[PDB]
Amino acid sequence: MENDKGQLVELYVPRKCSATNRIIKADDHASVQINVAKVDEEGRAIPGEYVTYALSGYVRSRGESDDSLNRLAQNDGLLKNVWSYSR
Amino acid sequence: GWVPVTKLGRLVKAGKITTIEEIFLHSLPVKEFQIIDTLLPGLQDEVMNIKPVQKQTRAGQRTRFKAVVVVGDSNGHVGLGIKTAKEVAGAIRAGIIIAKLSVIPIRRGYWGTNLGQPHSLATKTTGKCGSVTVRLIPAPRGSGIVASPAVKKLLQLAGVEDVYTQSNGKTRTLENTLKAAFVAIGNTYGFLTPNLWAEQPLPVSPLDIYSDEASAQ
Amino acid sequence: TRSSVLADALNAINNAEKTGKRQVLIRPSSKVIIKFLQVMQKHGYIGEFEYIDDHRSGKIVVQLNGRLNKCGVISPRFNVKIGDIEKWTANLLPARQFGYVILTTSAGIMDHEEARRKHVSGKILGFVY
Amino acid sequence: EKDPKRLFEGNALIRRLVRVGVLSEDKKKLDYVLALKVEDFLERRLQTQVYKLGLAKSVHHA
Amino acid sequence: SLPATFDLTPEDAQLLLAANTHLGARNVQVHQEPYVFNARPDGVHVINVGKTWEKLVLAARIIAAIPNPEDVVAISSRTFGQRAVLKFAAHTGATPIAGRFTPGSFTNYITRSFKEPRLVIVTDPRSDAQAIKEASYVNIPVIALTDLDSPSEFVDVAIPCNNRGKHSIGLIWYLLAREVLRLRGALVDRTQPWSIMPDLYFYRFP
Amino acid sequence: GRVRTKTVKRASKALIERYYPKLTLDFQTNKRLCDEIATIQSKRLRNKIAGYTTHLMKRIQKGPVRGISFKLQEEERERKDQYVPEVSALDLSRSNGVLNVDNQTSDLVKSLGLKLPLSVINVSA
RNA sequence: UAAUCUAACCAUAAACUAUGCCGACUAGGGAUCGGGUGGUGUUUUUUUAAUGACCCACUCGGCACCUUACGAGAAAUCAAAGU
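Heads up: the sequence lines are chains U, V, R, Z, F and L, in that order. When the count follows the working numbering, it moves up by one through the first sequence with no breaks and lands on 87 for the last residue. When the count follows the working numbering, it moves up by one through the second sequence with no breaks and lands on 1217 for the last residue. When the count follows the working numbering, it moves up by one through the third sequence with no breaks and lands on 2129 for the last residue. When the count follows the working numbering, it moves up by one through the fourth sequence with no breaks and lands on 3062 for the last residue. When the count follows the working numbering, it moves up by one through the fifth sequence with no breaks and lands on 4206 for the last residue. When the count follows the working numbering, it moves up by one through the sixth sequence with no breaks and lands on 5125 for the last residue.
With a straight-line cut-off of 25 angstroms between C-alpha atoms, the simulated DSS-like cross-links for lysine-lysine are: (1) V:1152 to Z:3037; (2) Z:3005 to R:2087; (3) R:2118 to Z:3002; (4) U:25 to V:1016; (5) Z:3002 to Z:3027; (6) Z:3005 to R:2081; (7) V:1153 to V:1051.
What follows is a list of derived Cβ distance ranges for each label pair: (8) F:4115 to U:41: 33 to 43 angstroms; (9) R:2116 to Z:3027: 23 to 33 angstroms; (10) V:1150 to R:2069: 23 to 33 angstroms; (11) U:6 to V:1038: 27 to 37 angstroms; (12) Z:3027 to V:1018: 28 to 38 angstroms; (13) U:8 to L:5080: 53 to 63 angstroms; (14) F:4069 to L:5096: 40 to 50 angstroms; (15) V:1169 to U:6: 39 to 49 angstroms; (16) F:4044 to U:80: 24 to 34 angstroms; (17) L:5028 to F:4020: 50 to 60 angstroms; (18) V:1201 to Z:3003: 37 to 47 angstroms; (19) V:1018 to F:4069: 23 to 33 angstroms.
Derived by calculation from the structure, the hints in this document are not laboratory data. We put the beta carbon where it would ideally sit given N, CA and C, even for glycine.
The whole structure should be built from the sequences, with the hints applied where relevant.
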């Protein structure tokens, strides 16, 4: 949101979920956010780099969380052959 | 003095967090009321209703005193809590602390065109608790706040200049009315409007950028 | 028994987007289902969709993004004049700058801004935001 | 906008408020009248414009 | 984006099939049906071991991505796990919890047992859910050792196991403990086997 | 007719947690000790407080504590051979160097396609 | 796809009540009752194929029951009393 002149005039833009594109507010106290570690050519881990996933409050309560991890992670090449579209 | 005993509290005592929005972006839980005071020094309260209430323990009629206290800015932050206690002046000061603990933002938008500051709400919203419903509606300039006096006084301290109300249900138990206007504000960040459609990448928490600090001994 | 086909072809959508799914299955299709869908697709509210046919009246499989709050139908299709769009639009829609109510009008099915600058009017059909 | 009743009845309402001196001369836009206040007419009476212009020592001497 | 040194070793799976950890329980629930290879005519179902290793390196890619290695907490309340958690947390640095979990220990900072972790690792979330339910209040991701009778609510990345045997509960801690050190750089080469006997992590009573 | 109140019970295990190597299974010595490391107002209260610590202290020579104990930190770290076997129970050498599995589980390893020395038996039901 | 199928009794059962009723959609769980399709599984035996009973898995239709609750409600509670 921005005025006639052009500057943003919210307080501060909030975080969308990543499995269902909802919006996570300041009292969604089950809204997990999870990092994984990039890897090295020798087989070690860079201490400073991540890949970040944000999951909403209610994809976890129904129990649909871990499958939504496997769907999300496998697009980024983390896994192979553990999730399948045509169920 | 102030000893932080929660690991958010050490991060803000040392001054690694300068605005309250870093608590709100990563939605962090807060459990120490001194965090808000340094963060928002302009906060300011009023007391709404004080009512004696009674319990027939041992057939000895011991008096409590329930209090309804709203705290709030005049920019976009509010708060509201309720506490019963044995003595009158303890129930007020205990009632302030829960209200300092529960602070939420509010998205403030326009009516129509785009000249200058925002005054009214972004959309229409509604919260219901108990049996009361309260629904808030955008208004043009010059409107002001049309509500009951106990609800007009809430929306001054969140700083909405013009808004239209409409409330159903038994509105004459005010502990339940204010608990519905509260829900009907805090949903304003949560309606995905179309300008919020774009994509952004996820930021990273302060609770592990400064991880060596704010760690126990 | 089954009276309106469109009225529960939009009841099947938001009933399975309140639970955060990504795709739904509609049955039967219609000539006025598809054009209601093709105006929630040039505005971004849904993704893409496919039309089966099985020689009776086909099914549809739609792909939903994240962006619908509600889509609906208004069941006596009343007769909107031209001075009376803006009383229907001040009641159904959440704010003055987004959302749409769509109409069946003598020059096609369209939304309510698109009917202003063509200067037409017709019967109501539904809303979307 | 560009609706000929807005342009004829707007630019007359604006023109009358400036001609008595309530709207500011840089606020000649139609949205700016929706935040006008009640003492912006109260400061144009003769009881108030004669005390400011140095003729009476108080507002009850006007 | 993980090279062939991260593939499943034929020697490694020789342990798992020896450890009888590929025998699920006789009643699948509806959420874990991707993990089932095929049903036996006896009545049991066979877990896909190539899946249970592929979602084993992922947890270690989360455990290694934390700054302070004492912010992981590992919990059990069954007898069969509460040795294996200790030797896990021994030479990695997590803060173990065995025996009884006291209620209100991730909230209520006036307790002496108050903790504020970054992950939680549980074994059997059927009979353990107090740590599951409380972590839901304060934004704590969680990892479980899921059977096929496991209520998988609030639970992220979920290692499929057999939570009935005694080797099979212990061994999955051991292979997890082996892998987390390799990522840290605390070891030298992926291809060399672990010097420690895996029978150390077990449980025995006279 | 004589059980000990919590203010005996509570402070007896506070003293055992800060000065455990200093204590001793004989009562007559550490009677002379609690006055040094703590402040006891009366005299009979000291005699009761040191009475049950020594009775608590001989539990330590048989079992574990309900406070903290660094035998967990060191002698349970000597319990890293509760019994470590010299040959593992998970050793295929006990199975003549060949793994004994069911029928259709052999298709699982053939699915991922590995070369293992396994045998196959017959199943009932 | 719509005109309104001994007797008589006295209420002496908190005498549970804002349910064209037809239609679509929305989470689990196991028992039982009909009809059908499967199976290297059994066993009366004609034989460990089958008739034959069992047993297992799916399937369309039934009166019930136990869970939870995103939801709904003034609450008790409710897979509809939800959308």
